[PDB]
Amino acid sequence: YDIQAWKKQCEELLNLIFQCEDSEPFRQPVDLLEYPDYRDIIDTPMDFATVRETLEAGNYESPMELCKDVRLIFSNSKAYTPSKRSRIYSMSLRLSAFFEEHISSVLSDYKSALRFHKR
């Protein structure tokens, strides 16, 4: 019932995501010189360094907010991909499955802790 425990759990999950080779295309903002039409398709860029920095700044109130930004990394890859078989998109799908598998307990524990606080 620890309402604050999510933050360190998210830090540890981001550390695992940065060790995963599948995260390399997503660790820093998409390079606009490499992909010059990126912002014609993607309204809200997001990357794992921005997520980590937002967490470390104390600018997430809940793990739901962090989860929304990570999911945006993956939806941006899906929107920008020219093919559902492309390398970078393919990496995004594996990383998404790994993230969802690990975040589910973080979210459940947080929401249970808040319900207990409010009982």
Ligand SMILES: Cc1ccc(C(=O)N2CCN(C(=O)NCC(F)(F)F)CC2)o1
Given for the second form:
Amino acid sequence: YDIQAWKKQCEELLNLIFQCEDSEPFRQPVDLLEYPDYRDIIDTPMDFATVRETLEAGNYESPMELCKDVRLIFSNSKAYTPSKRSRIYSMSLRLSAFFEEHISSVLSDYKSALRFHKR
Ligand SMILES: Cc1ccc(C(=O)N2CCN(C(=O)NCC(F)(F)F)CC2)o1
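Would you mind generating the form deposited with this ligand bound now that we have the form solved without this ligand?
After this comes the whole thing, all chains and molecules, with the earlier chain placed first.
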């Protein structure tokens, strides 16, 4: 019933994500010299360094907000990919599975803790 615990739980999950080779393409912004069409296709860039910085700044109120930005990383990769069998998109799908597997308890515990707080 700790309604602050999500933040360190998210910090540790981001640490795991940064250790994971599959996160390489998603740790920083897209160079438009390398992908000149990227911002034609993608209105709202997002990367794991921006998510970590937002968390560390104290600019997420809940793990739901963090989860929305992480999911945007993945939806951006799905929108940008030229193919469902693109290397970087395939990395996104494995990393998304890993993230969803690990964030589910963080969201459950937060929402339970907040229901207890308001009981
Ligand atoms: C070919 C394909 C399919 C899907 C994606 C994709 O999701 N992108 C574009 C490449 N990208 C970076 O260029 N990331 C920056 C750095 F420094 F890590 F390279 C990550 C986002 O790209």
